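Single chain ahead, written as structure tokens, the form deposited in one PDB entry.
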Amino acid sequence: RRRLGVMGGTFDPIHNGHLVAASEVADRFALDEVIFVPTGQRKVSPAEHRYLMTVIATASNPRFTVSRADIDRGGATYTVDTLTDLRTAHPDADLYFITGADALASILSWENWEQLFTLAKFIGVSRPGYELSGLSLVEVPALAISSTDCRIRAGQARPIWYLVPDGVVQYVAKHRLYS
């Protein structure tokens, strides 16, 4: 069966932390594809901008794609809705939902994760400054990067080079996203 990575995120902006994590997981579980899924709509940049920055970010990687499913569904994004639609859209694939330590704790604490485990294999990945502890835990390269830090840098005219892809650096400057 086809092995599809899934990685949800606000992606405001997508950064090298998100991308290095997806790439490690893709290697360790021999995934054919990773679909990045921008969440639907602290100011959150419009959905279309977050979507496009994600297409630009993932463009160069032969295995990474983007779904606009969550942004098009409308309203709030729940993990169950994301995976169910992906199950319907890729009936013959095995889904691997990729999630960093903070968002994993949140799913385990606040969602019916037993149901979620019936829709996909869960791959919890490490993130600097958080505690990682049917579900698999993987250590990915330690890149202490948050979108928050990027948004603060962009607003203070401080550089986000080498924290996000060159495409995202350009895209943030051109559309003036966080100033």
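For the two forms, the rigid core is made up of the largest set of C-alpha atoms that agree within 1.5 Å on superposition. Numbering follows the first chain given and starts at 1. What changes on going to the form deposited in another entry:
- With the core fitted between the two forms, just one of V140, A120, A57, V34 shows a Cα displacement of at least 2 Å, namely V140.
- Core-superposed comparison between the two forms: the C-alpha position of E111 differs by no less than 2 Å.
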Contents of the next structure:
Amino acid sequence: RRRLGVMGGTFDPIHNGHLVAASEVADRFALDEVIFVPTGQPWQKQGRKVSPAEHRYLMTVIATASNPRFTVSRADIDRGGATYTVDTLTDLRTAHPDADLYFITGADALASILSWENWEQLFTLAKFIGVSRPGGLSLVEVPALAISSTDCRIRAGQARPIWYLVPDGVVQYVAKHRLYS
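Given the form deposited in one PDB entry, state the structure of the form deposited in another entry.
The next block holds one chain only.
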């Protein structure tokens, strides 16, 4: 029976902290594969103009291509409308009927899981892993999550470098598509 990580996030942009965290969780929980799932998002979020879903999807593919055990799923961006994790996990249970699912996202996101739709079903579909920076549900501290997507966007908007914060290839993709500037 396979152990499948599900790395859910808006990924605007994906950055090296996300990749460190997925790598650590896969090793710690002996996961066979980690499926990255970019969230579906409208044009605006928390006072924020979220990059179009295709761009966030492509950046996540670029960032994960070199890892033999990472893949990327369009399940949330192609569902249409708002993402509810119960729908994410239902879709992946259908696609991988014989795998145990481990849902991985930021601990600050999972703090509100009892307010997520259908929280009762969530805990029947997967185990949950919250990754956090230092300072039912398992918590994993990841120093590299000091890197945040918000800081990456701020720097890119200010024409300041995001090399090494963000994977090679993603940096150039951000710049040539002018995602944040």
